[PDB]
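Colleague: Each chain, written out:
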Amino acid sequence: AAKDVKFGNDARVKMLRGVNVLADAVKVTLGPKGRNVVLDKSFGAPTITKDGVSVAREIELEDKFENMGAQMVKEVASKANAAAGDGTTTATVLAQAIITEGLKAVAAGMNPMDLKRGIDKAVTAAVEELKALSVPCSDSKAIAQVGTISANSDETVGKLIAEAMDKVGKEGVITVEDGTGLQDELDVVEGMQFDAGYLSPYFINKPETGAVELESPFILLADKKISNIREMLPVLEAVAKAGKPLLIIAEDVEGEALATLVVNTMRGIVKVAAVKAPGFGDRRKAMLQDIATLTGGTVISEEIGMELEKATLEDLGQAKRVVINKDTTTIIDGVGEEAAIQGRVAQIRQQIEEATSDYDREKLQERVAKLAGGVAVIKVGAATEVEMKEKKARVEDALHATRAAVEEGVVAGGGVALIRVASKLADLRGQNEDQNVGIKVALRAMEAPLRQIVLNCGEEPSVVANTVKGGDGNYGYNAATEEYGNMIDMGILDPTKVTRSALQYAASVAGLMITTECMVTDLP
Amino acid sequence: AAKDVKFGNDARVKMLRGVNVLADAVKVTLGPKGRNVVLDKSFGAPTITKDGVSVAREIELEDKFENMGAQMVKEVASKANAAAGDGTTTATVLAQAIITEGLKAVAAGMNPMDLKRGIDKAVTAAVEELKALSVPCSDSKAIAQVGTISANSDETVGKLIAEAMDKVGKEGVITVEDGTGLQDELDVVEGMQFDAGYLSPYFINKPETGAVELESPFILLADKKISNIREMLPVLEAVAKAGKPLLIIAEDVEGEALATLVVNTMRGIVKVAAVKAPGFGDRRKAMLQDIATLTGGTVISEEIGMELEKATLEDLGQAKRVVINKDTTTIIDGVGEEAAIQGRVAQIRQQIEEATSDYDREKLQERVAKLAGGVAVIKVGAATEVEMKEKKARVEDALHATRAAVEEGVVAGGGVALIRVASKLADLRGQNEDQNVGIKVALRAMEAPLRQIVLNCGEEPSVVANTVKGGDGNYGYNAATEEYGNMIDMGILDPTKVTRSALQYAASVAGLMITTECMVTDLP
Amino acid sequence: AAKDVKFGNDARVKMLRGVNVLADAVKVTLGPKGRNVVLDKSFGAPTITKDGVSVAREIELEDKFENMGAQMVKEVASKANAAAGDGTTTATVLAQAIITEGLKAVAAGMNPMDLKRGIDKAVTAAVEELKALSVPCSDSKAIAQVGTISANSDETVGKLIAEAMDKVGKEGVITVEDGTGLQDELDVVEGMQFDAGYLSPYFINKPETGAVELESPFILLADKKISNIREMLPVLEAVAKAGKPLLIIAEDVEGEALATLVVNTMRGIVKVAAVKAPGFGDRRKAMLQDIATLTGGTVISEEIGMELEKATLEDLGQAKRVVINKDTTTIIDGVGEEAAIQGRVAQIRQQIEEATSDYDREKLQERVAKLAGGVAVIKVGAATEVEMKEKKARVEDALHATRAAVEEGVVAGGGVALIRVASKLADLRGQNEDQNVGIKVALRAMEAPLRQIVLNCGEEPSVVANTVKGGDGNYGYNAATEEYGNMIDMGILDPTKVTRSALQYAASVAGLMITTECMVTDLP
Amino acid sequence: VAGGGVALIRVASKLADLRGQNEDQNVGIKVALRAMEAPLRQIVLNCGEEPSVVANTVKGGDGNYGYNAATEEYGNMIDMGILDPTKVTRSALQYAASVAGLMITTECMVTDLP
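Respectively, the protein sequence lines represent chains L, G, A and K. Position one of the first sequence corresponds to residue 2 (the deposited numbering), numbered consecutively onward. Position one of the second sequence corresponds to residue 2 (the deposited numbering), numbered consecutively onward. Position one of the third sequence corresponds to residue 2 (the deposited numbering), numbered consecutively onward. Position one of the fourth sequence corresponds to residue 412 (the deposited numbering), numbered consecutively onward.
The shape of chain L in the complex, shown without the other chains:
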């Protein structure tokens, strides 16, 4: 329909104003002296929260252009949180800093594409320097230490995490669920994890973790695109009877079928989810098959002449739990026979001896690792149901932290790593003075989270920032205790991955916005 179309400075200030509302709303929550945000709800009492991700979720603006701004950086920053388990809020205040001074510089008549180049140069630089600051977390004493810090100095969580990683490997799949008792349990069950996200942001029944969670679900495995719910109806109804939920895995799910699944599971008739079967070509078919073996189900392909209408509940797979993210699907405790599964692992494992191609061999190795390796399950013990659910959420958080730490290490928390790393790049230069400005802009922006934190405390950010800049390595300001020192020793730290991811995603969306000349939107 008819559009409102804005160009140049006109468009850029609308964007600025929008992300300014987003970031200003979200950054009051940052750090240990972080303040509270009140989020209304139609039914009942308001929400009082310090979780900036919760806040961001709620921010939508009435100006169409301002809203585009806020929604843009919203979507780019949630990627930080999806990749590292954290950093979305951070990414947002960085983005706001880079955009603010970036556009200041644009309006001053400097060249956007060069400002963006300078910025991206400083960010590449900074990420190398981050890799230089990063303390390795490799042996399980260190895994335990980081788990502990992210559980709030609770050593039991560090211990638990470390035990699970000891069972299934640093690489392994680990989940948390409610306990059987006052004591913790750790059990490895047959299971898999692979990259398939929800095909719709709906299906989400656990909005906290942005997760789809299904208990004792049916699993449909079909190699085909499904564009019409017509094919589906006999099976769907077969499921409505059985009164358990349904996971769909196919080459894709499009149009009518997808919309009808959005609507039907919004209305309560047969709660269903859908994910894109991983890979393409013959590997897609193989991976589909592996999941079939794992869940005791059977695959439906047209290539053998099978059809979706002729499907029954017997062809369906089943597991105790499935969990589906933005980007990932996890199948926990499938039903399939250990003979069939181990047999299948054998097939694959021999296929690996026979493999003439490096790529074939790697891919086969991925498949077996997933199949043989299974899933570790942490069952959290506590005295009360509340001490329990509290511990359990602490352990999920610690789990994401620990994993990120194993991959890329830890660095000074409290936004000091960024300000440190920035301080090392003062003599960095680009091709022309515009690019140079781009660099100094990104560098000043890397001081924003520390400054925000400090401000929330009440102290002067200019002074604290200047002091931290004065020092070396992991020297910084512990905002909790208002005391300077070594941040890693004081147990204030971020996984190197979340700091890196925050910086990069911020820098991405800021770069795009700076180089935007035109915004087109619907009419009010």
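Among these hints, one or two may not hold up.
Restraint-style ranges between C-beta atoms, simulated for each label pair [stated by the list, open to error]:
no. : chain 1 : residue 1 : chain 2 : residue 2 : range
1   : A       : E483      : K       : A507      : 16 to 26 Å
2   : K       : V521      : L       : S228      : 35 to 45 Å
3   : G       : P208      : A       : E61       : 43 to 53 Å
4   : A       : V346      : G       : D328      : 52 to 62 Å
Because the hints were derived from the structure by calculation, they are not lab data. Using N, Cα and C, we set each Cβ at its ideal position, and we do this for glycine too.
Given the coordinates of chain L, work out where chains G, A and K should sit on it, guided by the hints.
Modeller: For chains G, A and K alone, kept in the frame of chain L given last:
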């Protein structure tokens, strides 16, 4: 009374808008393709003019703040025309280039005071480079070429000026007056020119050159400050009788006496002008006495006990002509007997011998220079009164220009000198990035005059500018003939003094405006 | 006070709308079928008029810009009437056509200066062409013919003007005055006409012709500038008591004295008028003396030491009538002895023999022509006073027409010479396509008077115009008779001077407006 | 042909002497010639350079000489790897001029009421 006070950005945009009205009105007249500005008059038919000084005079804005800006660059710019006899328009469009980009920078958060220091650096640099580019004007051939060119290719005027200078020297006083008839006269008469300005405007009966002109006046010499016109009455009413005008020379003319003199001569009775006695302290008295000897009048000092009341008509000296500029008073053909005059020069020239200091020697030598050197007078003829006044005007112009050219040289006209000189400064740096921006701001500003000229010419200013940059020396674009080449050979040139004056004053008021944070005016 | 400043397109359309009101009001009177305009008067009945000069005189506009426009083309076109005795209405509609199509071009992006250049070239060409077209008017038969035509086919007026032009020459001074009744007298008297204009309006007692008229005046001749009414009082009161008017001729009359003359004669006390002494330099004194000898008056000069205070009535010169234009003084029947006059003539005439150069010779001959030639006087006979002032008017008009006819000749009237001459220039070109458009613009503009004339007739302009273009020489359309043919034979013709003047002046003001970029006026 | 806009401006620079049957037609020709410089100019402007200047320098050259905006370097565009298939440059021009012609010769427009 109640004030309106604006701060920072608010103030700076109001100023900016002001100087943009001024410059944009004035600058359409720039160069050979310059357009016409139409200035309304209360009584009669409108004025159509390409003279930018005349346009600026009429410019006053309704918004008090905007108006402050306009008037600021107006008053500083006028000083160019005052020092070198041309270049006020140039200074205005330069000031607009500098202010526009400078404020642009200030809103980007660069430091105003650093911007200013960088700008002033560029200006100093460019004045040096300008001195290097200047081609000397010394021998009468060159003098006559410059005259001829400022006379609109009239070789008679160039020849005439070169001849007048040939009689009285390069340092010589030269005046022009109406002609007795056809052809031309050149005559050396006794007279002097000293630095004293008019003590009020509104004295001006010749608004086209902005000067007071009095013919066969009585010259009153008084050493004192005259604060009361009660002392003046016998003298004013004494000169009313004779039918002649009156020139007041005093230590000053202040307050009541000055307001009553301004009004009394503004009503058309006893035409009078007032100027300060040249110098200060003792040599002021000395000078007033040298003038006493020149005019055949007598000085009144309160020391010896003489009063203004007891002064009669013989006490006053009389000359054939007096001409009063902004800063200069020149007196032509006085009664004072050659016995008197030669006597005075003998006294002073013997004073020079006994001089212990170089300073005294040179001061007295300046007194005998002014007194003995005398005055060259050009009587400009024509066939009619019309052609006579016109050619007289072109002579006045060409004379000022040749004065200037003798002093500091000549450089390429059409604003190519500025753009050349700015091509040579690309490597000039300051103490910090902000100063560097200041520098580049000024250097880019220096392309404005040429660019305007080309624009008014129909052509593409960026292209011309670029071509000129790519060359060297007094190479430039001749805008009238659309042909590139040595500007001096093609007879397009400016006295270096006026180009210099223009850049310096433009930058002066610009730097002040960039460093202005607050404006205060009466309430609307 | 604060000004309103309009630029570029805004400015240009304001101007346009102005000259459209002026021209559209004025041009409905053009040609034989011309319409009536009604001009309101404060008291009583309105004026109804077909005279476009009147209509023009009344046109003033509310919008200060639009008014600026109207008053520009109004003041320039009035110059046409002023030089040729006709053409001001023409000049206005011509200027409207040029300005209209011209700005249309300016707003399509063509170069105003180039457009102007092309227009001026076309006009130059057209003026040559027009000189070629011109049929001479030399013999007295022809003179009488032209006067008869301009008198509304009154053969009497032609005969009269022809007899007068034979009395004093075709270069001679001819005055027309009230008659002794029902007889046409022609008499040659001692008398002079020279260039000096009234020094001030408000001297004017005949607002119709815009001229000063004085009967039995005293003539004061003084060589000096009079800025002070002090010296005048004895003679002003001597003439006061005499009950006769007074005319001042001096080097100038300035300031206090001119203002006092204005007011004192504005009050009905002792009518006085003043003009500059004709010529400049040394010649001014001899010419002044000539006027003295002619009027039997005596020159008062400071040279010999005379003062005005000691001047009596016998030193005063005398004529029967003096008449003062904007630019011209005519002295009719001076009383000076025919002896004195004749001997001054003798002296000048020998000064012509003693003269060294051609210049001196031709200026002297100017003097003796004025002095010796005298002034022809036409006393207009009629039966009643209405017929008398009416026929006097027709004779004044015819006399102007025949003077112009004698100087430059006559060309086809009714606006056909302009279109003829345009049709001959079809192949004219300039430097560039913008200049060419300029040329075509003026050429098409030259079709405007004819077309308008035709329009006032109720006929189709394009048809008659196209027909006239398809013809040769003095072939055209007679509007009155609706019939084609040789315009000269048909008796429809203009003096070449006026058609020339109109075109030249209209292209002047039009070229100014087209190249006008900025307008400045007071705030409403 | 040369990409990055320079084929169009090249070709335009060759047609300077081209005339039609009348002055209106002539203006038309110059209009399309001048319009043929718009893509190069826009490209340059997106870079931050002075379109007038780049364009003029390109007209000064011959054949597939042009300006590579990526690298700020003048030279042969084909050698430099910047090029358009001749079909698309020709098509773009012809379709542009078709719609533009239609629009110029449109005197009346008819649409629904708000």
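Colleague: Evaluate each hint against the coordinates.
Modeller: Evaluated hints:
1. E483/A x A507/K: 16 to 26 Å: Between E483/A and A507/K, where Cβ atoms are some 53 Å apart, the hint is violated.
2. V521/K x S228/L: 35 to 45 Å: Holds, at about 41 Å.
3. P208/G x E61/A: 43 to 53 Å: For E61/A against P208/G, whose Cβ atoms are near 27 Å apart, the range 43 to 53 Å is violated.
4. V346/A x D328/G: 52 to 62 Å: The hint (52 to 62 Å, Cβ to Cβ) holds, given that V346/A and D328/G are roughly 54 Å apart.
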